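J.: Here is how the chains run, residue by residue.
2 protein chains.
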Amino acid sequence: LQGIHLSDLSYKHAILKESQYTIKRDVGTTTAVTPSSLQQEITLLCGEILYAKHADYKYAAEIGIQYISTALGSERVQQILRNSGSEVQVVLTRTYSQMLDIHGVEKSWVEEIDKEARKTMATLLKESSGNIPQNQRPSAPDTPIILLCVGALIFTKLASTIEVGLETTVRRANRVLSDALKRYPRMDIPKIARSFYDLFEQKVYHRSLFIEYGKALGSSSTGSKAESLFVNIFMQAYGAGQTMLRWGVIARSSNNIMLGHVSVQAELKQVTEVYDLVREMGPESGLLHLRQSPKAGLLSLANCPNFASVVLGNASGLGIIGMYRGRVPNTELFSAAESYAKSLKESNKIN
Amino acid sequence: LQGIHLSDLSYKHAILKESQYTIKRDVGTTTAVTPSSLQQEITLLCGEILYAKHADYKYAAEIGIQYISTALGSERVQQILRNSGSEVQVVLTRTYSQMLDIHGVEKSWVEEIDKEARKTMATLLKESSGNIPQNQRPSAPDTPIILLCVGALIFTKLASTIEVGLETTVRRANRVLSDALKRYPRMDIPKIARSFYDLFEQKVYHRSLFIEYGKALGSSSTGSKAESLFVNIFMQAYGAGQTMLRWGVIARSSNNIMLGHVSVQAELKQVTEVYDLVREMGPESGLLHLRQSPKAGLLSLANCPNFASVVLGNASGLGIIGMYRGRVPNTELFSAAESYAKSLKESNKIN
RNA sequence: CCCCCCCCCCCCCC
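Chains F and D are the protein sequences, given in the same order.
Numbered per the UniProt record's numbering, the first sequence spans residues 3 to 99, 112 to 365.
Numbered per the UniProt record's numbering, the second sequence spans residues 3 to 99, 112 to 365.
In short, the hints are calculated from the structure, not lab data.
In this text, a Cβ means the ideal position worked out from N, Cα and C, and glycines have one as well.
Some clues are possibly wrong.
[As the list claims (entries may be wrong)] Derived contacts from chain F toward chain D, CB cut-off under 7 Å, selection only:
1. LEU8
2. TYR59
3. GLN250
4. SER267
5. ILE271
[Stated by the list, open to error] Per label pair, the in silico range of CB-to-CB distance:
6. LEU139/F to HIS117/D: 28 to 38 Å
7. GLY333/D to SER192/F: 27 to 37 Å
8. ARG27/F to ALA316/D: 37 to 47 Å
9. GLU177/D to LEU139/F: 25 to 35 Å
10. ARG27/F to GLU177/D: 48 to 58 Å
11. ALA57/D to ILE146/F: 45 to 55 Å
12. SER38/D to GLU120/F: 46 to 56 Å
13. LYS356/F to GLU177/D: 39 to 49 Å
14. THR182/D to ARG260/F: 39 to 49 Å
All chains, full assembly: derive it from the sequences and hints.
T.: Now the structure itself:
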C-alpha cells in the first residue's frame, strides 16, 4: 500500500526537459526587423494605420512587430528569435524615397497607407480651422502602443477560436481603448485584430518576440500611459490556455462539498501532481499555451475527468463559467457541484 | 487539497523583473539641462516667475527642472535620464546678452518673464517707500524651491485627474505655501500648477528626475525650510495610485466584521499575495504609479471585488472615503461594512 | 490530443 507509487508526470516532464538535442525549425525562412534608429519612422506608420480608413490592413500586425523590433533592437530581436527555437534569419529594413521598406511587407501597401493618411489629414485640416492637437496626429508617440494594444487584446484570446477572439477584442477595445477611439475615430479594430491573429498563427516566433517585448516594457522604470495599458493587457494574457487550473484553485477556495466525493478523492493525487509540475516549471508555466510550447498539455487536467466535472460545476454555480465550452465528463457531479455552489453563493455568512 | 495552489502574481512579477533585454524609447529626442555653474542665474529666473503677474506661465515647470539639474549636476541628470529607460540626449544650457538660452524654452518667453519682473519691481520701488526686504526680491535663494513646491503639490496628484489635481493644488497651496504667498503677493499657483502637470504628462522621465531630486534632498544633512517643505510634500506623494492598499490595511486595523464574510475570506489569499508582492518590491513600490512604471497594476486589488467593496465600505463608515471615485462592486457588502464602521466609530470603547 | 469564460489601471484628505 505504502510503496505503490508511480510519479508519471514528473518523469514525463523530466523526459521532455532533459533533451540534449535541439530541433531546428523554420530553417530556410527569413523575417523582418527595423533597427532602433528608425523608431521615429515606424512611429509614423503605426499611426497612419490608425487615424485613416484603409481598404486593407493586411500587414498592420507586422508593423507593430517592427515597432517592437525598434524598441528592443535588431541584434536583440535576432537573439530572441534564435533562442525561440526557430532558425529564422533576420532582414533589416531600409528607408528610401522618405518612406520605409520592410522585408515581406510590400511597398504598395506602405505607399497606399501613407497616401490614405495624407489625404485624410488634408481633408481634416482644410475643412477645419487648422487646429489639430498633438494626440490627434499620426506623429504621436503612443500610436504604435495603440496598435500593439489591439494586438495584445487579440493575444489574450489566442487559445480560443478566431471568431470568439475577434468578438472579445472588439468588445474590450471599445472600452479599454476608448481614449484612442476618441483621438483616432477611423481605426478599424476588427481588421487590425484579425491581422494580428493571422500573424500570431502564421509566425509563432513572433509570439516569443511579443512576450520579450512585454517583459522588457514591464521591467522599465517609466513609461507612457499606453505602455502601462499594454502591460496590463499582456498580464491579462498570462494564464491563457490553463483556465482549468485557475478554476480548480477556485473550487478549492469555494470549499465545494463534492470535492470530497469518492472519484474526486481518487483523482486528487494526479491533480496535485499537475500543480506540482506547474510549480516546478515556475514562472514560465503560464506562457506555455501562449508560446504554443509543445511542453503544454502536461498541465492539462483532462485525464482526471471527475475533478474537472466538479470544478466546472462549482464555476457554473458561482456564475463564473460564462460561455466556456469545455466538456463536462460526468453530468451528475457537475449538477450537484453547481447546486452546492449556488447554495453557498446565495447565503451570506460571517465566520 | 493542500497542493491545489498556483501563485500567479509572483510568477507575473518574476517574468516582468527577470528580463534580459532593455527597452529603448525617445531615441531621436533631446532635453535641456542647466549646469550647476548657472544655478545663481536660474534662481533669478525661478523667482522672476513668482512675484510678477505673467500672461504666459508655459515653461515654469521646465525652469524648476532646470534648477533641479543645477542642483544634481548635468552629468548626474543625464545618468538619471538614461537609467529611467529613456534615451533622451541631454542638451546643455548657455548664456547670452545676461540671460539663459534653455533648449526647448523659447528665448521670447525668457525675455518676457524677465521684462515683466523688472517692470513690476520698478513699479513697486517707485511708488513704495523703497524698503524691499531680502525675501521679497526675485533673487531670493528659496524661490526655485518655492516653485518646486507647487510642482510637488501637483506631483502628489498625478494619479488623479487634471481638474482635481489643479483644484487640490490651489486649495493646499493657499495654506502650505502661505509664507511664500505673503512674500510674493502675485504668484499664480493655478497656472504654475498647470505648467507642472503638462511637464509631468509630456516628459515622463522628468518624473524620475523629480524623484531623484526628492531623494537627494531628503538625504541631505541640512536644509532650509523650503526644502523641508518640499520633502514633506514629496513624501505625502509616496503612496500615490495605491490608496486601496492603504485602505485595506486600515480595514484590517479597524477589525471590520464583514472581513470575515465568506467571499472576503475566499479572496483573502490572493489579497495577501498582493501584499507579499508589495513587500517583495520593497521601497520602490510606492513610486510605481508616480513614475508610471508599467509594472504598476500588479498591485491592483481589482481582482478581489468583494474585498475592495468591504474596504470601501469601511472607509465610508469611518469618513475616510471622502469623495473617492472608485467603484463598489458588491453594494450589499459595501453598505454592511459602512454600517458596521459607523457603528464602531460612534461607540467609544476603551480597554 | 489539447484548448475554449470574463476582465486595463487610477481616482478622498493631509
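J.: Now tell me, hint by hint, if it's right for this structure.
T.: Here's how the hints hold up against the structure:
no., hint, verdict
1, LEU8, "16 Å, violated"
2, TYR59, "25 Å, violated"
3, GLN250, "10 Å, violated"
4, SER267, "5 Å, holds"
5, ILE271, "12 Å, violated"
6, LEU139/F to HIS117/D: 28 to 38 Å, "29 Å, holds"
7, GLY333/D to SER192/F: 27 to 37 Å, "33 Å, holds"
8, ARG27/F to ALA316/D: 37 to 47 Å, "40 Å, holds"
9, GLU177/D to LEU139/F: 25 to 35 Å, "30 Å, holds"
10, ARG27/F to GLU177/D: 48 to 58 Å, "55 Å, holds"
11, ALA57/D to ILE146/F: 45 to 55 Å, "25 Å, violated"
12, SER38/D to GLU120/F: 46 to 56 Å, "54 Å, holds"
13, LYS356/F to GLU177/D: 39 to 49 Å, "45 Å, holds"
14, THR182/D to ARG260/F: 39 to 49 Å, "40 Å, holds"
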